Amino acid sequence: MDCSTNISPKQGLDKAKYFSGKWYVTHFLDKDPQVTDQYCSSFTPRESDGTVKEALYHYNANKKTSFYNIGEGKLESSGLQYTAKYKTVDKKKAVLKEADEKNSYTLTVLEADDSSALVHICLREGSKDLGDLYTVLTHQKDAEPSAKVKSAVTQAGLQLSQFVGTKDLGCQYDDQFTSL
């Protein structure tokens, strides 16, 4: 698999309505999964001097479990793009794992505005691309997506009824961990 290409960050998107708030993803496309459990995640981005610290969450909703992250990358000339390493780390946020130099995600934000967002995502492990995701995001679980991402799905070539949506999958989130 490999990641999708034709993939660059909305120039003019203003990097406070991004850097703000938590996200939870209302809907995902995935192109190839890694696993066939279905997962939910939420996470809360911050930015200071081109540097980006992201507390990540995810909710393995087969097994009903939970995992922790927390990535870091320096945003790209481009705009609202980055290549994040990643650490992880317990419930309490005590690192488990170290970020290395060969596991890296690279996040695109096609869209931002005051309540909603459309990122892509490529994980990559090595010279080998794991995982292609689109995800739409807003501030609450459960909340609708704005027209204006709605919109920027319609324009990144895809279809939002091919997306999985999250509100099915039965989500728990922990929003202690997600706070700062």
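Between two forms, the rigid core is defined as the largest C-alpha subset superposing within 1.5 Å. Residue numbers count along the first chain shown, from 1. First, how it differs from the form deposited in another entry.
Superposition on the rigid core between the two forms places the CA atom of residue 34 2 Å or more away from its counterpart.
Given the form deposited in one PDB entry, corresponding form deposited in another entry:
Lone chain follows.
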């Protein structure tokens, strides 16, 4: 199960609303049913003159482990979308593994406002895709996305009822790592 070839970013999205503060994934939808583990994630994306760099955190709620990354790539000209290479870092942002250039993720922003966002992520490791991942984001963990962001979910052809809500997973975050 590959990522969809029909994802496009929303036009006219204010990149300012997206490359702001820290995001928490409040809801996620992974199209690949072969997965078991559920995750929490938070990240802090930043942009300058078309270059994006972001600090990323995952907590595996099933295995109770965590990992940290730094992603970097270039904004597409076309709309609010980038393919990043990523390194693996520790919680102090020291590099553990430099980027494997055969791996990337492409993040497409589908909606963004002052409180909330919807993005699609296609993670690729070499040959293999992880499959489509949609994440509803908010700045305040365990907050509800805005009506605008909820509408984007439906307009992406999805149903919010099918997303996993992270606020009930027993997530452990590292809010030190995502601040600034």
